[PDB]
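Given as structure tokens, the chain that follows is alone and in the form deposited without the partner chain.
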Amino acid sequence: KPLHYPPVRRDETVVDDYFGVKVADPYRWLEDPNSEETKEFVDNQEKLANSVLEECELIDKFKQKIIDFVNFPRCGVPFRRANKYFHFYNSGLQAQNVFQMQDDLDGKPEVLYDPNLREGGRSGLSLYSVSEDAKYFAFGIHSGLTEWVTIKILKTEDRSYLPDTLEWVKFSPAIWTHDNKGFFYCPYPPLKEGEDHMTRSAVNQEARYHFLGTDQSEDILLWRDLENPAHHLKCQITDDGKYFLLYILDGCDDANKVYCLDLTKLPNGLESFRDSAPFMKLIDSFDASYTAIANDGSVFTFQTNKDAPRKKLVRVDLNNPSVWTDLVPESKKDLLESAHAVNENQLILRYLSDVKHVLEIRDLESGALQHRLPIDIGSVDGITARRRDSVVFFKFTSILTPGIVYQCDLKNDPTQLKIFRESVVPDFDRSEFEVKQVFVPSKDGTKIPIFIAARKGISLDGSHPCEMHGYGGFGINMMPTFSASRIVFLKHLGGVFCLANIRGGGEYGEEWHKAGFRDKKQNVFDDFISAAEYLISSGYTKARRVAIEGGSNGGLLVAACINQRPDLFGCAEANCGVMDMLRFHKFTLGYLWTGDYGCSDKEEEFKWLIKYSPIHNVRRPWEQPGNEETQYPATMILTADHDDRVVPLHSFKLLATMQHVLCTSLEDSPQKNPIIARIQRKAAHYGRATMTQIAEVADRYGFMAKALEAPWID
């Protein structure tokens, strides 16, 4: 059916000079989220979207089949405080997960906090910190539509609220001191009047200590740096309770400083401060990443990438800090992803080996190997066991494995794994499908690992719809994990799924990351294109039956790839993508990503950014000689109206630009395939209700089945 693309005003005033190169930005006005015109733009694109989505008949069958496939209990990985175990639970279709509590392992669960009983379950919990004595539960809620968090505190004895209320938190955890008196957290300064969380670029993050029973204005300032407003914070406390550790970060880089405060050495408590705090600055530069794993007095075991792309464990005494020793040296082939001190004197290491996990248990003091459990295609994650804990829990998942919380009692039954909880998916035969790993040459010959999931014994004749996922940035490892949606794609649309472990990720250590960032960011798109070409050439699928999907930096990936190779894809779905690479740093926490992208402030970096910036590279493919029959694929640009993480102007400005260049700028365009935006109302980036999510994925796959001309199978 023909589309009626709504009028979007162009402003030819807006020209900007990037080192002599003139760049026109006619949809500058869309950067204002709260204007008459921008709200009418959102309204118009919602109408256009709803008109196209009404023609996608399969949305309703997807939605009902997702709802059924997802209606099973899901369990979070439990953690211990005192004799209490706490975990997240969801019976299957509850809008938000419920936080549960129990006395010891045998104990029966009870509800500690149910977000479904507050504001109808629109917001779930972001922060969830139980104190050392298990008497206090600090928890974070989204008080507005943005993802900014309000810390509140509860007595676990009887669910009664404390008066304490702490605003202006984002990703900070609440780190309790062993005296149960309060906790360290890392807030931003308050909003002055006029300001908004969508329009303010939050800087000058602080390290605070909050005492229980006080107003936030009484919280003790430990650190801040007004001379470096972009520097951001993470923090931690050692398991013995003696050291507060402050990690300072430059941007999105896997690198940090390490500042240690000895809590035993302060006369008059943390009330001592009122003057910044006497940190021992063990690392005062951004050369390498460092994460404390354990300590015995001043003798610290860190995970690091210092002269070690695949990471390693090292030891240092804060009284003799120039002398560092390798405890567990760098592997020659496999990434040390995480390390966790457990069972007093043991050490669990998670290794990533060709995108498959291997768990090692080692002696803490010596570093000697004891056991080694390789794990199947899938992921192991969520190890939250502390050093004093003797039972270790982890979540396992894969493409065909819904989710198993495993349990290892290292003290009393060390070799066995017990299933704490196993989620079973209804109406799904896993043996009918298989998952293979395959390595594919890229444009420069680099072998890129690919996971391909499909029905066993499909003929490779290019008949099948193919859905391909990828990210390619920020050191993120992309693991094959369970999505119920995807099972519905595989089973009821005869689909083939592909997770491509492209460069920019951290799958083969920091060399893999740096091969797809800054000047070499193009390699990431080349890798993804090359993997799409393999699925076609090996015979799973064809040019116009391939669908690509991604979120945030993955949205950038999808937008970049369809600009460069529109012929290769039949559907493009970019979730909250970073589409204006010239101006991303100007909005919210976007300045943090300059470590991976560069910044248009510098001329060298502008020169590589301008070449792939999605909004600046939308070109009519049919106008290229010998490319006449090519058009852009059917495109859905997903975003929320109140995403403060990746601001929606990115998605809006791309959508406006595409709809102009391809459709409304000429009389009768070859562009037939729809170019729409699904804009979710009163949502943020993540943390949305179960049905809000299901509705979005239902629309995704319905649009996809229409674009790829894929029929339903009962």
Second form
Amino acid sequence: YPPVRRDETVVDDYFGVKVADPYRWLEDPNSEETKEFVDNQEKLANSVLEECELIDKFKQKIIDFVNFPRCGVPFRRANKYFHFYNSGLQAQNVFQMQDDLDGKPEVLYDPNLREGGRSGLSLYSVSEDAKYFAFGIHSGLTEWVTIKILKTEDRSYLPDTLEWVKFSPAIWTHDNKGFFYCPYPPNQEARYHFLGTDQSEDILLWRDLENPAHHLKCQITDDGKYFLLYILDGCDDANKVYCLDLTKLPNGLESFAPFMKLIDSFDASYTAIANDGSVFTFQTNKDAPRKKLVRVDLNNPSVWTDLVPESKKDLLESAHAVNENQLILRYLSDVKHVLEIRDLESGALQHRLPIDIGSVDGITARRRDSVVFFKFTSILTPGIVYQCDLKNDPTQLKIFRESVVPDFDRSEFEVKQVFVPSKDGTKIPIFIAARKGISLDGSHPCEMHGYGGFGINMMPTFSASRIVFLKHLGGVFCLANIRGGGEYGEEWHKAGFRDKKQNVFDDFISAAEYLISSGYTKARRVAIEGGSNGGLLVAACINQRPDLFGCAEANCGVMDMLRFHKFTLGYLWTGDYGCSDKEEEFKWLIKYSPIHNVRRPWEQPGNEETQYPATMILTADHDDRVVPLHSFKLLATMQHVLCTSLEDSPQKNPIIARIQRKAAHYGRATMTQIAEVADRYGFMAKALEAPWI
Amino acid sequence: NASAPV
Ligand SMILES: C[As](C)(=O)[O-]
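Form deposited without the partner chain done, so how does the form solved in complex with the partner chain look?
Now the complete complex, all chains and molecules, led by this one.
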């Protein structure tokens, strides 16, 4: 282990509790001492990884399994269709256009020609007349985007260059004169940009200097009549709704704004699904933690009526107006999708299609489209684009595109869903994937994934690397739908946040206990993996029950729960986590903060045989979302407490960081991501003493 | 818009 300096003078008082921070100096990513740490850890990592002789076998198998063409879900503008394509191994997906769904594609924008495809497209917007394509380009490693506009007819750029954007969409008016977007000043704003003008001329529609942390999303209705502005605070599923009637402006957007403030609190979520003139259909969680559809007339805005009442059991995850007078509702029913077709006007059910284990997403059809397309994936189904022609054949899903994994016979494997009790009795759904016919004799290596926060739904989607694990390591994979997610509505989220964050960890630990008791695996043959809030999941669980796990892989985790709120966008997570500035919330946080709860398990009576799992801490060197000090401080703390603070420690399992050079949080070019995942699985196979098959 | 299901 490399020498890592401790600054024994750094100590802080939290409400009478003294907390030492000997690796505070790792918070400065620019010092030579920090850069030397990174160099030293990289060297150590490389030295451990070169002992992991299956990395190259995993890598090539992952490459081979990923090497298949993928056509994304198409969407329509005017007569043209647009979609993403990848021939299999391109660094990023290429944006294509066609005149006909089965006609020859033209390339509209290829991210691979820029910076070797470090980053793909995240902002992509096509104008209503299909003549213009607005998209976001990253300049360097930062999160800042520049919006450029290309003409679809000849692929020439407009001069227009819009700076100081991050995650804004570009929302076009039906007159094709320009678009709404939400930039920051050189305090997010809502602006309108006219084509052929400099950004300095853009019309200001909204700012709130009195609430600088409030952030914005926007939308235009399918009829082109209303601009909707949504105002959000932090990460809560709740928002304001402001409506601007574009038909009543004396001189268009040039006239400048006078929003109708339909909803002006943060009490509930509201997404506009459809309107007929002033009569709006919303999706909302108001008095409905599993969501519902409601109707309100802007001309009588006090009076809301249920259109599709809240299900007693199932989350209404999304809703989409289609074929002029219908709705497709996407329900999540015990973490499996159910698609319903309903009448828009009455809300009446017409058809109901339960979906197999997997996930349907990517419905982009608009009210005026009669063909709806969507994507289905699952652990054992790489990717199908389905089409449903509501005009001519409403009852049938037809396969439009079907991905094929080379040399993968899905019939050798099986996926099941089971429900397991947490400490408090609560039923936790888990998916379990494995070779068919295995013996439940405790002998299989097992990988478990989870997240558990922020109302995020964890779906069992396709992963090529997971198939390598299953087939070539004889592995058992588990995806655990722990609390803190949104899978059973807002009550599931809140049963796993703030003072109840510990429930999330208990759920995950309860799942691992089930997999051991049921005979899939055994204590110390279980690997756990998670990212971001899921990286926190991994780090807390290994601190609390190191005896259960043989390998832990924490991707860009939030590890200093006392100081996270002080860096970049960490302040937006206090909704889920609390904040150590407030004593009560400090008292939740200090009990599970990963860098504050590293302890030698062998010093606990009865626990003399126990060490920490083999641990890989992963992070990009320029993650501006979750700053890498989290990872670095946890690494330093573990290495110290468990290894270099002792002459001949019992901690034999390696503790290392895989630090990606010249990487942001976003990017993930194919080969870069494959390299990372190959390293994570080779390490796991070595940690669990699992042979290649 | 992930480039591949890795
Ligand atoms: C990016 As996060 C800390 O909400 O998982």
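Numbering follows the first chain given and starts at 1. By rigid core we mean the largest C-alpha set that fits within 1.5 Å across both forms.
A 2 Å or larger CA shift between these two forms, after fitting on the rigid core, occurs at just one of 104, 422, 326, 444, namely 104. Core-superposed comparison between these two forms: the C-alpha position of residue 148 differs by no less than 2 Å. The shift recorded for the CA atom of residue 17 between these two forms is 2.0 Å, with superposition on the rigid core. The rigid core superposition between these two forms gives a CA shift for residue 268 of 2.3 Å.
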